[PDB]
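Take a look at this single chain, the form deposited in one PDB entry, given in structure tokens.
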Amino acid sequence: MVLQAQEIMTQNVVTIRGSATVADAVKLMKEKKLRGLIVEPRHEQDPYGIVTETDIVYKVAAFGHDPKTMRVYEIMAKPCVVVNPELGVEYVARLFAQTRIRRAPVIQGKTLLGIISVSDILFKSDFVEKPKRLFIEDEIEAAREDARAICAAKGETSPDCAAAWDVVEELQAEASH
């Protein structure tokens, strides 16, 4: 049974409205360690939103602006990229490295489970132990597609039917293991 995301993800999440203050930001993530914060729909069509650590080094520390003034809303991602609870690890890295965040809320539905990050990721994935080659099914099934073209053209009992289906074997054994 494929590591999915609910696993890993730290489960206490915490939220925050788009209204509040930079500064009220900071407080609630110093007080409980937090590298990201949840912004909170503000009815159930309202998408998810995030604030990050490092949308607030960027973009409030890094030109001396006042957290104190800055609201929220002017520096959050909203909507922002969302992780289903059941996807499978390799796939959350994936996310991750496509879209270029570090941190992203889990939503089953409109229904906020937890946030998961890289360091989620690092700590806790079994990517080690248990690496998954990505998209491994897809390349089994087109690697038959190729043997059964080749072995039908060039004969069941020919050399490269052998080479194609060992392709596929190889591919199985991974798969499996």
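Numbering follows the first chain given and starts at 1. Compared with the form deposited in another entry:
Figure legend: rigid-body motion between these two forms; of the candidates 63, 155, 134, 118, the hinge maps to 134.
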Second form
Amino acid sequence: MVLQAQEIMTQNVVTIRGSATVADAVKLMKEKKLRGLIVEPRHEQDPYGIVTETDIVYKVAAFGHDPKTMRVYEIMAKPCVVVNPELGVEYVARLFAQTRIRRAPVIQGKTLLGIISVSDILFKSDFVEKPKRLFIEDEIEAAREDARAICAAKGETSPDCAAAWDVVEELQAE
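Now show the form deposited in another entry, given that the preceding structure was the form deposited in one PDB entry.
There are no partners or other molecules in what follows, just the one chain.
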């Protein structure tokens, strides 16, 4: 029972059409105190998209472009990196680091279930009270696989077999 994306995602999203102006998006984000908007798919075979406060500042504000005559579609990310609802939150954090994103839609097939962000991870995760320690756990599972092979090759009663599990023990200590 590791904490899953869907357990900590935000269910309430706001949307906007691609052809709306960046000014419409800004208006809508201020009004609703928001950092992101989902870009509404035009139809069922059209993927979700996303437009962030950073998208607006980096792509519009930074050049002094006119938000009233640029469209959402010009600055959105489509498609995006999507998170499956059962992906453990450790792995979502890792995904976000590997890809340099800070939010992702949580999608089941191609239905939007919500949004998951670095704030969601920070505030609702169990990473403070249960560090998963992913590399260290992976390293231990390997010491186990070696011990199964060493015990199968040299016998459970061999000092080698006893040692290979003492390698799992000594890692489990640190």
